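Below you'll find only one chain, the form solved without its partner chain, shown as structure tokens.
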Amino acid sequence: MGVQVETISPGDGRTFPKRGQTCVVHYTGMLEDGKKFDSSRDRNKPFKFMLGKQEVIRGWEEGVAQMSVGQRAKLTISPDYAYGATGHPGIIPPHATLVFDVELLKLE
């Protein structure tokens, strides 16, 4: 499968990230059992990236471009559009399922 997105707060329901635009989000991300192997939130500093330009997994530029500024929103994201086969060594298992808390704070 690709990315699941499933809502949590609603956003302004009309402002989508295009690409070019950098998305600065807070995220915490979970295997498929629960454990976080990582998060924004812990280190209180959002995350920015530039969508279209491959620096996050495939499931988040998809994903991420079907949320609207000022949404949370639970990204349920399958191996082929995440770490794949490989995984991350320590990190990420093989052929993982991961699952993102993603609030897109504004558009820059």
Given for the second form:
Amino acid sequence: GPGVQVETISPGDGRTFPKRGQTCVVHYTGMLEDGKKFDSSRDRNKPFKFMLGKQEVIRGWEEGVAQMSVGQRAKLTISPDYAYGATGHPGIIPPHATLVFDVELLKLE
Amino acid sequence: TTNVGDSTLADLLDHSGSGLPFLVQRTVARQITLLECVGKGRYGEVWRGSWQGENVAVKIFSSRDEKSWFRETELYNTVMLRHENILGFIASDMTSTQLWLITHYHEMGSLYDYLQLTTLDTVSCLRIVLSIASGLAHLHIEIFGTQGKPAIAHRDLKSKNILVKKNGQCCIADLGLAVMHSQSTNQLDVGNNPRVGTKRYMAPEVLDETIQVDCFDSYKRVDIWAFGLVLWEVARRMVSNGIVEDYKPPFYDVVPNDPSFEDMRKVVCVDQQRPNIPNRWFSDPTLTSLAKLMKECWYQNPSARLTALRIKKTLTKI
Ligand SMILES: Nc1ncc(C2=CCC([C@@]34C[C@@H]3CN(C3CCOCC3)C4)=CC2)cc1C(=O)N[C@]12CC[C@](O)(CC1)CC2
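Switching forms now, from the form solved without its partner chain to the form solved in complex with its partner chain, please provide the structure.
Every component of the complex follows; first up is the chain already shown.
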């Protein structure tokens, strides 16, 4: 799909893909293109949860995680229009930043 | 409605900046229920909101003040600013374009409105002015180390930007005009906000435009001038010997409501006027001491003004 490239690190079950209204429980590490880590749920030892279709996360995450199956770990490379765009997130993400996330879909609730 | 694994805001803030982890800021911002508009101003509006049964303040910026949202979000995300007398940041989110800044909620409201609803005794007056001095000294002082912070000047200190906490102490809010400085690189980060300070509280050097804009120390002296004006507003409301003054903003008697830059420049620079000290303050030891402190914030020469740390120490001895 546009805006997000999915490179698999380890496979999921290949059959249980997130549906609209389901809660995705994931572990992630986010980095800028130069490898600078800006956020990681793995460092907090606390999985991150979001409801698919609610737009609680950037578009690249909604569309990238929807292509993953339960148990899958993948590297998502998200273009700036599918992330924080021209503004970025002041003090964390610069303008027009491509973001790289190592995401593991742990389970669906 | 509670699920196993759910965290409260306190747990999410315990962990990288002043607020929630980066991705968590958007998720939490987009899960808040707005409830009641508790303030409006040049900045836009502020609302009491709720997230999982917890109150938060949601500041929704006007289209005219987008650069203050950028600057305040930048500051709280790049500096770990966690102090009892500095408004706690939780999250910033962009969602027409809406710019949100979420912070702790202080149900007592601003000091400006608080001073109009009640009089103060020696206990509540000293708690207020000491807590403002403590927050201001924490902003001004640079801390070295990985648990440190650059020195920060506010540039818009005033009673409307100070919130009263449930315990009677205050916290300083609005870092949209703040400037940062670090001794290691002598780097001054002034930002790109065209906003200027509130006219009524502008120091003489800001009004006559002689302030040295590339000197961090100059911005600390502007904050000290404005602190002295806030001290005067608070002291007026402390009862002594059955007497108390009505709430008035600084320069109430010589400038109109919404004074212009020229109204202020004529009073403060041309005529070198300062707020008047009521005669009854000299009969009370606490007010006599505060009148002495106030005057030391109001010298025309900014270099003569005392530091936030010297104010805090003086207040700790009263
Ligand atoms: N963080 C915050 N938390 C809470 C507020 C409230 C403000 C006002 C109120 C009251 C109107 C409702 C009733 N009530 C009375 C009831 C009787 O008993 C005495 C008080 C006070 C309630 C809450 C504001 C902010 C905030 O951020 N304010 C600002 C003001 C200016 C700035 O520049 C910097 C901080 C932007 C927003």
